[PDB]
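One chain comes next, on its own, written out as structure tokens in the form solved without ligand GTP.
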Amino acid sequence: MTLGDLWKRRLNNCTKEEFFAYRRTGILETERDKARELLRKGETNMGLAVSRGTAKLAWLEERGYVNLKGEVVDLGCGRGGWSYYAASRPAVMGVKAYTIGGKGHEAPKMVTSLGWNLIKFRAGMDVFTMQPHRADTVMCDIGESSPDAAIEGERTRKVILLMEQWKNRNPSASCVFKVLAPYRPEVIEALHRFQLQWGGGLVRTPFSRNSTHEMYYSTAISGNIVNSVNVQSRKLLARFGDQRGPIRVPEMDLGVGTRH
């Protein structure tokens, strides 16, 4: 058993009050009041982020932890926060975004955010059974939280296997992907194997809630995986009892318009 397993048990033992206070303490949170109401009324001309994912991927790029370039695929795009971010980047030529959609899952939000015409959105697509194709950058933000850490470990394992399939099609492709439960043993095992063939490492974004152990793997960084995970687990364990609030920051506005 790991420190992350202990963090999970403590999280599940939280009352609802303890949960709401713990999940947001000390984290960066974009101010989404304007954006949420524009999306609610169905405004298509907007560059404000369609989701909290946009600022997360922007942080990774601004830090230099991901390379977004060429033909990008967004595996599990949801509303499309990562797709619209990538499409706004001048080094990106195209985005093929895929998400399952359907009951209980987010379909792409359709807006004119800068570069939207370079995105081909495909809803109704299960990426775990989709054949890979050529790509320069492979993104995947999949990993649904569960109180059951074994389920989360299995969901994480499926993502890594997906990235291995995309790397076998594209061995030189840049990769960034969510690792929902990085402390589980089958997850550490699969990340070690990926790192040995492809390089890379794990990083925590400051927008992630304390209620999730999610870390992001990218081929553009390095770092001992077990040490990365353990450092994060301790950071999470230390914020139990923290009553401070989130740090609120402005939401990303990418602008609107086509790119040609």
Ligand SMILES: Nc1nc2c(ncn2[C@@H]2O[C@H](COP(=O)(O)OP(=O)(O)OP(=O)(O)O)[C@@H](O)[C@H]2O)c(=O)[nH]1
The other form holds:
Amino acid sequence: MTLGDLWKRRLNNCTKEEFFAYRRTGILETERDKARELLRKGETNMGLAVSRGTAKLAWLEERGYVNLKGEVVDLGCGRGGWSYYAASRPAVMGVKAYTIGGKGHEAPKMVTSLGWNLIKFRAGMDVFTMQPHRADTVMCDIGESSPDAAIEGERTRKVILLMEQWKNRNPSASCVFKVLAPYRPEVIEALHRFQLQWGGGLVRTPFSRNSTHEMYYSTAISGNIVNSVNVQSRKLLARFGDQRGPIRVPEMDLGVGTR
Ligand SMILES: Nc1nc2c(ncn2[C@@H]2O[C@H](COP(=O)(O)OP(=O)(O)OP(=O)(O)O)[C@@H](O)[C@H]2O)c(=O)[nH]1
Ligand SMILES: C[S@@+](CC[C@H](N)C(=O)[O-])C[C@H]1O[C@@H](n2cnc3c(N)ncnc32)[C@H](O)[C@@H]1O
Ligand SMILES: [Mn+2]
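How about the form deposited with ligand GTP bound, since we already have the form solved without ligand GTP?
Following is the full complex, with the preceding chain placed first.
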């Protein structure tokens, strides 16, 4: 059992009040009041983030932790927050975005955020059924939380394997992907082998709730994986009992227009 495995167990043994107190204490949270209102009105002419995923990728890019460039693929794009962010970036030439949900909350949201015209959204697609094609940047934000740590670990290994397949197709592609359960030994071993073939490292974004151990792997950074993970498991464990609330910050506005 790792530090992260104990974090999972303490999280599962929270009452409902304790869970809600814990999940957002000390994290950054974008104020989505205007974004949510426009989305629920059906306004399409807006650059505000279509999801909270947009600020996570923005944070990684503004820190210099990812290279978003060329032909971009978004594997598991959901509402499209990463797709829209990427399509707004200068070095990005096009985005092919794929997601399984065909309608509802997790289908792509269609807005005029800057560079929207460079995005091709393919809903109803399972990316594990897809043969990799050419890409300069591969992004993947897939990994569904589960109370079972072993299930989180396997979901994470499936994403690492998918990234290996796209990297075999595109050996010099920049990669950025969610690592849902980096605390599992089987994930660390798969991720260390990825790191030893392709380079890269693991980071925690400050917008991630404490109710998930997710970290983001990028080929553009470096650092010891086990040390990065241990630091974050310790922090997640420390935050149990922490009573500071979330820290509200402005939501991303990428502006509107074609590129
Ligand atoms: N103790 C406790 N743990 C929970 C509860 N709900 C979820 N969890 C745990 O916390 C994890 C996070 O699940 P999520 O629902 O994705 O967390 P969230 O921060 O609420 O985000 P949303 O799903 O968007 O609402 C789950 O895998 C469980 O391990 C709960 O009601 N009580
Ligand atoms: C965490 S969301 C990504 C959000 C996105 N980065 C954003 O900023 O809005 C991950 C998405 O992947 C989708 N997904 C999970 N498994 C998938 C699969 N096998 N194929 C395609 N999409 C998948 C889920 O429906 C979910 O909408
Ligand atoms: Mn929940």
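Between two forms, the rigid core is defined as the largest C-alpha subset superposing within 1.5 Å. Positions refer to the first chain, counted from 1.
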Which one of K158, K120, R169, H105, by Cα shift of 2 Å or more between the two forms, core superposed: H105
Core-referenced Cα shift (Å), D148, between the two forms: 1.0
